[PDB]
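So this first bit is one chain, no partners, the form deposited without ligand CG2, shown in structure tokens.
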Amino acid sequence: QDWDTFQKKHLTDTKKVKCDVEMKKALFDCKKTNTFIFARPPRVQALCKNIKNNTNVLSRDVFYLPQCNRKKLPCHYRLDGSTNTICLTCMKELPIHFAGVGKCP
């Protein structure tokens, strides 16, 4: 929605995310899936430099993407992972949505 929420929902400083601890947060509310990006804010923010507002951009570089996937109700997950390019939605040169991976929508 916004840059602050994007960082909380999609950035991680660790590869081993504690899915069951984080996903129960109102931020995630035990949703089906959430993908994190292993990167510091500055590197991710740079991807939106020069990008038109409310449009998507695909990174040239790859990132490691820890992913929490709901396995058992109501809030139990399995940690998965993959590496790929990321597609972000930009607004005022700041990421506001994690649009897709490997390619933009």
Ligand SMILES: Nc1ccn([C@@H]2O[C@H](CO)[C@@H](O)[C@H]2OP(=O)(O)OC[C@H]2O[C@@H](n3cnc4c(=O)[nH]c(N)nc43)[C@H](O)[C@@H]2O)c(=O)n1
The other form holds:
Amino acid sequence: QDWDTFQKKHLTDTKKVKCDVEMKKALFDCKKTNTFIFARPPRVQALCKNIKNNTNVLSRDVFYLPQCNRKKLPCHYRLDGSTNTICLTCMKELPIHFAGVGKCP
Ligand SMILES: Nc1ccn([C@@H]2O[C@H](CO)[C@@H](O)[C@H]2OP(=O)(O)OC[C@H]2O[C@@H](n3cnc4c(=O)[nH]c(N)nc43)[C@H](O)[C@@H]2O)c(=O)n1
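Switching from the form deposited without ligand CG2: structure of the form solved in complex with ligand CG2?
After this comes the whole thing, all chains and molecules, with the earlier chain placed first.
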């Protein structure tokens, strides 16, 4: 919804995210899946430069994507990872939504 919320739930400083610990936070509320992006805010923010408001952008470069997928109720997860391009929704040249992986919707 905003740059601040986007960072909190989609950017990570480590490849080994503690899913069971993170996902229980109110931001995630034990949702089925959440994909993290291993990168600093600057690199991610730059993807939205010169992008029309409320439109998506597909990155040219790849990122490692730590992903938490729920395996057992109510909040138990398995950590999965892969590498791929990311689709972000921009607003005022700032990412506010994680739109897709590999391509845009
Ligand atoms: N909404 C979803 C979520 C997960 N999945 C897939 O279900 C598997 C786990 O059982 C994962 O490996 C996913 O494949 P995937 O290639 O990681 O993701 C496919 C699509 O899912 C959406 N998705 C993934 N992570 C996120 C996330 O954190 N947020 C949002 N909004 N969408 C996400 C994107 O639209 C992406 O292109 C899906 O098809 N749709």
